Amino acid sequence: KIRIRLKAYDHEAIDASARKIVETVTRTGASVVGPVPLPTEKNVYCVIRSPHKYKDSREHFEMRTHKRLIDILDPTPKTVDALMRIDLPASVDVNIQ
Amino acid sequence: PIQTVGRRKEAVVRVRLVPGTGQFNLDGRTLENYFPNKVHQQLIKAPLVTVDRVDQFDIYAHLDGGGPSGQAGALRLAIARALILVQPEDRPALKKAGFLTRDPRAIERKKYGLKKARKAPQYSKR
Amino acid sequence: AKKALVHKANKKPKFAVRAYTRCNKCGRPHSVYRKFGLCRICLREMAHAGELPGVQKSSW
Amino acid sequence: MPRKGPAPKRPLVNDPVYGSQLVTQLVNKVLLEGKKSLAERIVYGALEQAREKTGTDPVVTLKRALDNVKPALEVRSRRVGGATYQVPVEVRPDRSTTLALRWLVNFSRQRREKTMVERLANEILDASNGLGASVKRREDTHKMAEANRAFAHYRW
Amino acid sequence: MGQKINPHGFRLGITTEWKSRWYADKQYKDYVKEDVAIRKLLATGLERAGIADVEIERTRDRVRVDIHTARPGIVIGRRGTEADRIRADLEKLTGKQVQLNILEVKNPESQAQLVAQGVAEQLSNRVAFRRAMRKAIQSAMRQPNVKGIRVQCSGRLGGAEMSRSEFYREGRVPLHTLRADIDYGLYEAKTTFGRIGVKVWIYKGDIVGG
Amino acid sequence: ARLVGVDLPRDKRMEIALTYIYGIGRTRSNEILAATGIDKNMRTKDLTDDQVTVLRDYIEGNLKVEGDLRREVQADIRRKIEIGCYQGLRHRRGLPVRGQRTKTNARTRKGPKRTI
Amino acid sequence: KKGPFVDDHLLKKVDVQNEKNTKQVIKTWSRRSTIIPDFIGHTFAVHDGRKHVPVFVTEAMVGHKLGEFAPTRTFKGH
RNA sequence: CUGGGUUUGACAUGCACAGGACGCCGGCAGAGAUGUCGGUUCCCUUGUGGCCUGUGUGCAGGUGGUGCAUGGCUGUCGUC
RNA sequence: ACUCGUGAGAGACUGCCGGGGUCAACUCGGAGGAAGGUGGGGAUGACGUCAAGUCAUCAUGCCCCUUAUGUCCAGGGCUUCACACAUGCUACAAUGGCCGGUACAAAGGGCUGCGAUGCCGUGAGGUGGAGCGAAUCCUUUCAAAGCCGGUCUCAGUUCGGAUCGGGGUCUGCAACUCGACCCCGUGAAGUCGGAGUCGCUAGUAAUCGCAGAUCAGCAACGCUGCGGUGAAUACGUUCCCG
Ligand SMILES: [Mg+2]
Ligand SMILES: [Mg+2]
Ligand SMILES: [Mg+2]
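Protein chains in written order, with the UniProt record's numbering: chain A, 5 to 101; chain B, 25 to 150; chain C, 2 to 61; chain D, 1 to 156; chain E, 1 to 210; chain F, 2 to 117; chain G, 6 to 83.
Accuracy of the hints is not assured; some may be wrong.
What the hints assert, rightly or not - With a cut-off of at most 27 Å between alpha-carbon atoms, the simulated DSSO-like pairs for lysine-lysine come out as follows:
{"#": "1", "chain 1": "F", "residue 1": "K81", "chain 2": "G", "residue 2": "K32"}
{"#": "2", "chain 1": "C", "residue 1": "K15", "chain 2": "G", "residue 2": "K6"}
{"#": "3", "chain 1": "C", "residue 1": "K26", "chain 2": "E", "residue 2": "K29"}
{"#": "4", "chain 1": "E", "residue 1": "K96", "chain 2": "C", "residue 2": "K26"}
By construction, these hints were calculated from the structure, which means they are not laboratory data.
Kindly generate the complete structure, drawing on both the sequences and the hints.
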């Protein structure tokens, strides 16, 4: 499958990025896709703060990283350029699958 | 054309019930090539076994996600919904077996500090 | 741990044997974990502020 | 469920090639942590071997063996007034069938033969004939219940 | 004292805002470094002047600071002696300019951090901590668009040796409720005997803020 | 049968029967059979004298004899023990040579679990 | 992989020894030249400041310091 | 921990004595620190601002102790 | 017209009926319904005990060192060992091992990193570039358990893989003390385990692998998330502990 397995650092940031992508593509007037339900995961962060005997109150404090995906088909170079021209947030570390 | 939807833990399926000869053409694979366990065959036939319409109606499904059992359950739910929408009189014949509803049982959210979901770490007394 | 030493130790050093941490925030050559290249003080400051890439503390 | 009430029986559909809730329960019990198709093939081979050996209905032979090895009394242990008593209480059909299937699978895994299919076939044959480890354990449990029958007056 | 989690630290992305809202690839380190440097530089000054929040934002190689002063007049004195002085100090300590822009608060008693600063100053001024907390609670509950308050001054109260943590509350201060919009303030007071902790909670209202 | 000084099993495939030699095993025997043009599914009771001789000379030419390898291992061990290195010290003390855990593990090299 | 402390002198000595293929000990003077792959097990008599001990370098020894097989800082305690 | 260095110190800041060279790239003695040599010699502008170089000065520095003095964070009891 | 990863709305509020209950809360069954009686699962940790953990995250009152206990450098140590305790992996064999052919899952690590086709290699891999601040590229147009065929004939063995010797590889200047991985041989304990004891109530246990936190290079079998296939019990609180 395709589009996409990425990750972000802020739910607000990622949802704003999805919204602005939808807005710019709809303004270019190309199209939209059919969203599907899929949950997020819990990242792996259980780091200590001191090398001393901190083994009580030790494990972690989850770093909430909510991620959303938007699939797409039938490529068009115009949409390719409209989507690759710029990224407003730039904080969502997107990764290609 | 009539079309329904079936959902599972992490899988979805869309079918279009139409008359003809009984067959299951999956996304690029056939019935025996998609259900080799020989139990998912019986599971997805149960909706068509309670009411003998196995070789009477066609099944052109398109699924995505999950595994063998998940896809089997999704296709069963899709066939159940199609039978609900086509033949309302046969709806009890399918509800009596435990169909027409997606089993709420699904994968939960694993907990922190544990090995798996509902599994505490082993520790010996001292 | 000043600007001169930082610039001399970050780029190609004179001898390859000089491959110490040389943090960029405080500049101390040692007492810094190369796991993140930051001294514990600023490391935990950013951890508590929510800026460092993925470090936190007690919740269980 | 525990301390709340009974559990709802799973409305499982009868086996397609055998049509026996007891057979499906035996399959679910002998299932080895997900080996569904493997256990199904194993039980099918065992029933085919039992058929080739006897010359009758496999389902009927299995039902007869289960009815013959069904324990009619299972001992327990209850403390009444600061004293342990192994009072025997009336068992239910489902519990007796489950215990019989457990003993059968245990003695089949304990049997030393070539393959698991042959082990299960020979175990079923012995249970049907009346000379097997399952029948021996049933007789031992019956003897224990008859010996401990001296203390049965509570029915709490 | 207790294991209660910081409401601001918990709702930093739900209800409350972030003091450092920027992003940079490989430069976030230097960004937060300059941020904490400016914070340490302004610590004494803006603490003697009264400070509530210092929101720092990063732009194309420049900075955008917004400090919330409570008592304008001490930090903003003569034009070219205090404000410009601190500005030049920050500029020469950092590697860029500083277009400092101060923003005045609407009510010092409504901000948790300011209430904590005031109660800590009162305690350090050799006064009765009980009366100080009572008067602070009265000022913060004299209808400053509020609905609840909870003040706590832990540590060596009254210059004693026992860590007395007086739990004083008034109104409604729920911690498990998410739709609270509660402001929190954590302060560390320095005395001639040691350190003292000040934990404040101001439940303004039941505003959603979605 | 007699190949280089060791006897093969009675009823076993060639790739498993050739494992009895101190210098030939499953994959080594498979490669030898592939190079000599002999099948691997044959039992150990239908061998020919010509095949025995050809396999013997082929292994003697490519590899060396079982006794050769045995005494070579012995000579290398005693040499690395006499030079006086870390490997020699560990071999003398009965401890692992590759530098692994030695607190409680390494019983495979230290012998049975002795406590005194 | 930049230019390491290969001890160009020892490097060329080992190169000519490999070219002529004469198995003999090579009297060295450095202690930190075990990097370049051109050293085909050339037995170096190393100079630790006291004497020259003949020690042949091995595979796991590839990389380690020249004079580090035996403890160069002679000390036992008894 | 073993042994050689720097020791107003690797690294911040106020007060004095001389400076335009520290600062940059390589060579030599060493395991390197370190010492030394070769190419550049400041930017303002006469009041001196910045720089360090050598000598003083208050001090830096402590992952040294004291959580039976604390701030902050939080573990079992107890998600009862 | 099809699964509405972005926003909102509807749908569970005992909504209605009956047995009830004090015709007051509240309990069971039934109708519709995806969930019916806080829907399944979490975030959410009150006053306080353990004078609980932290002065090595940081500050911290007091004492102490200052040609030193501040700082760098080369080597060694934290990875040592005749033993014991704790947590995990490998298994102990036929629901098995090896070879050949085959299908779906969610989760991304990427800018001095990922790196597909090819050359040659038993194999780590030497050549390397189309493509990437984000679906043209590896993690495949996605794996293991799973299905078909051949073989081993139920044994210290084609189970198990450790020690050990020979032939090499990935990183960085430097891998016996100082990682991991590959090829050949070497083939030990282990025959499901006593006294004691641990975890599990439905997508739970079990079993299988995928991915990530930091590293140029790994001790990572660990810790976190993911899902593949997925069971039996639930007289009851006499009883061990809270
Ligand atoms: Mg101590
Ligand atoms: Mg104590
Ligand atoms: Mg055996």
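Each hint, compared with the structure:
Distance hint between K81(F) and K32(G) is fulfilled; the C-alpha atoms sit about 22 Å from each other, no more than 27 Å. The straight-line distance between the Cα atoms of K15(C) and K6(G) is roughly 16 Å, inside the 27 Å bound, and the hint therefore holds. Between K26(C) and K29(E) the alpha-carbon distance is near 7 Å, which keeps this suggested pair within the 27 Å criterion. For a cut-off of 27 Å, the pair hint linking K96(E) to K26(C) stands: about 17 Å separates their Cα positions.
No hint from the list above goes unmet by this structure.
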